[PDB]
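So, chain A:
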Amino acid sequence: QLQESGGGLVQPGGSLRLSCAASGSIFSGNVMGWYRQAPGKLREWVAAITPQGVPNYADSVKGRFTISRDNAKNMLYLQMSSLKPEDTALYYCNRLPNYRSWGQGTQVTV
Partner candidate 1 sequence: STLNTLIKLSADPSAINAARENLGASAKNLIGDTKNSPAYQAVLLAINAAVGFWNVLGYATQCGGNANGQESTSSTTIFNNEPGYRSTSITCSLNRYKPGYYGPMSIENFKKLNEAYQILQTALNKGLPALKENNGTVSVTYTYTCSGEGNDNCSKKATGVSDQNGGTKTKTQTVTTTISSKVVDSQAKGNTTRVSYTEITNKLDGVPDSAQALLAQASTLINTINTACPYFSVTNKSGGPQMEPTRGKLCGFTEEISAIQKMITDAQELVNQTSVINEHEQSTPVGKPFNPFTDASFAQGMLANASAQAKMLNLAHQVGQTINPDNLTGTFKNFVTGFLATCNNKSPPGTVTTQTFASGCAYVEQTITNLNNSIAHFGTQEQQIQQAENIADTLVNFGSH
Partner candidate 2 sequence: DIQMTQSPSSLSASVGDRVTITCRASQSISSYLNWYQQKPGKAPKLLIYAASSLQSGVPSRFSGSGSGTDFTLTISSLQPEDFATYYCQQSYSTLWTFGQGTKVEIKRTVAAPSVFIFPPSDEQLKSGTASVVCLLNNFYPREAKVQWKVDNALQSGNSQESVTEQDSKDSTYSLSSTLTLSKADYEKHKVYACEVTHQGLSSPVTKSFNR
Partner candidate 3 sequence: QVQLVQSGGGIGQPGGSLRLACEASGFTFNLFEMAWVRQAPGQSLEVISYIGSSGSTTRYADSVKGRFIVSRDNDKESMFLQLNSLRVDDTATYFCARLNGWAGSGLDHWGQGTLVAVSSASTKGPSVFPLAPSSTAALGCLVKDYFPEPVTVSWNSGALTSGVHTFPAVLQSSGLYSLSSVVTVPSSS
């Protein structure tokens, strides 16, 4: 029971927020993160957020995205602006370290 929302087509330089619906089974007290899926290349780590709320990101993403959570509503939030050809991907969320079966995602291409 995990799925995403808010993925779509936008031009380079645009904006959109993406959201991950995780159960407390995955969420409560666990670190959350965001991941890429580009054609022809593997799942790449993007960002992460601590239960206590500490953010950190990858270099391919440094300075542009902002990850957030909701400890009342088990929700993950990612705001994306300043888009590039390299953001063409399926974006997924998961706990760290990962649960074995993944969600379905949402498509963001630029």
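In this text, contacts are C-beta pairs under 8 Å (C-beta built on N, C-alpha and C of every residue); 3 or more make two chains touch, one makes a residue touch a chain; residues count from 1.
Inclusion criterion for the candidates: all candidates are chains of the complex that A comes from, given by their letters.
Colleague: Once the contact definition is applied, which of 1, 2 or 3 turns out to touch chain A in the complex?
Modeller: Only one option touches chain A, namely 1.
Colleague: For the complex, give me every residue of chain A touching candidate 1.
Modeller: Contacts found on chain A: 28-31, 33, 35, 40-45, 47-52, 54, 56, 58, 96-98.
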